[PDB]
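2 protein chains.
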Amino acid sequence: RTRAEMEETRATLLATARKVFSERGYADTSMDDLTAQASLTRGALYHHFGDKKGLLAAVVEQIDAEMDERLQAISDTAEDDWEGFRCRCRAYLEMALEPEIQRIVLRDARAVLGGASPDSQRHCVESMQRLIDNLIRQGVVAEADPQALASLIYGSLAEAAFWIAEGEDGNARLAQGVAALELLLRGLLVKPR
Amino acid sequence: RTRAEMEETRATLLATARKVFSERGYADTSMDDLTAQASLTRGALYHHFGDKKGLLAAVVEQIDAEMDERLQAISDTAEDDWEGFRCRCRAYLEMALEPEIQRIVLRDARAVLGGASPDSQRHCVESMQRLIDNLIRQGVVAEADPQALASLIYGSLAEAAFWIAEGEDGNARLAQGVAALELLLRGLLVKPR
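These protein sequence lines map, in sequence, to chains A and A'. A prime marks a further copy of an entry chain. Residue numbers in the first sequence follow the entry's author numbering, run continuously in steps of one, and reach 196 at the last position. Residue numbers in the second sequence follow the entry's author numbering, run continuously in steps of one, and reach 196 at the last position.
Don't read these hints as lab results, they were simulated from the structure.
Which copy is meant is left open, so a pair is good if it fits within one copy or across any two.
In silico SDA-like pairs for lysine to any residue, Cα to Cα no more than 25 angstroms straight-line:
(1) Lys194 - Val181
(2) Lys56 - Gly117
(3) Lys55 - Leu116
Could you put together the complete structure from these sequences and hints?
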């Protein structure tokens, strides 16, 4: 087997694990369950991922990449950059009600892996930093260190997403989160709108 | 041995572990090292804490309780409640440069335990919620769900503390963090100051 072939197989196993965990639940699904449900060869999942936690980490990495792409696209496509930033921040919270993110990232990875890795966190912060730097340069956002401000913003959103995902009434919590978020964000503006 | 006697001994071992980890470093200090340095009986630390990670969790729990007390006291003693809230928030960041918090909580527990437990997080949020509820009732802070707003605020502070503790220049990062924080907080006010 080549590296290329192994990488292709890993990707198929990861996609299938995501599909099964969606239908059945992560805690509910053992490695043997996944093997049976997906009609995989004995040992394939252990060979690629080591253990269930390893599989979960790999799934989370893919999900994270997808999230980053979706969020970057909101601010990239924005007609007004401040509104694009608000929309991106709100979208992060709105993702906490999507079943895969809610369950796999905000419940399962939270409990099993201890939440986002420090590396993943630094990555999210760097992305938000690019946006903040831009808005400061535009004179939209008041002067501050971009990286510092991005850490604060990312932290608020990450915690609020956990909180929304803890509710029996996530829909209610989402509206509350977004409304509170708007009060925090409005102070960033040089000139109120 | 009574429960009371075991609890007393546990507390002495925890205090000693804190002292040794301060002098020597958590990663640098094995359970056997701690046993030797503190002249403990063979097996005492394993008997009380199970493993090193268990000891670390127990140390973190004590540190957390101390932090909560210190922070609650800032807003309790405040002459102006808004300034007391700003001071409490800044103090959380300032704690990221204290050697024990910086190292044990923001570096070691981060890497080893995955940061604060969800329970610890909910506890911090409930404390901040009490304060926010008060400030909203006073008409100082604009209407919002207290728990939602506390989640956002706590998240910002927790992440910014990690960020400050990642720097080679924590002092520089602290000033940047505090300045950025002030921009986020100012939007909470009904009436600007």
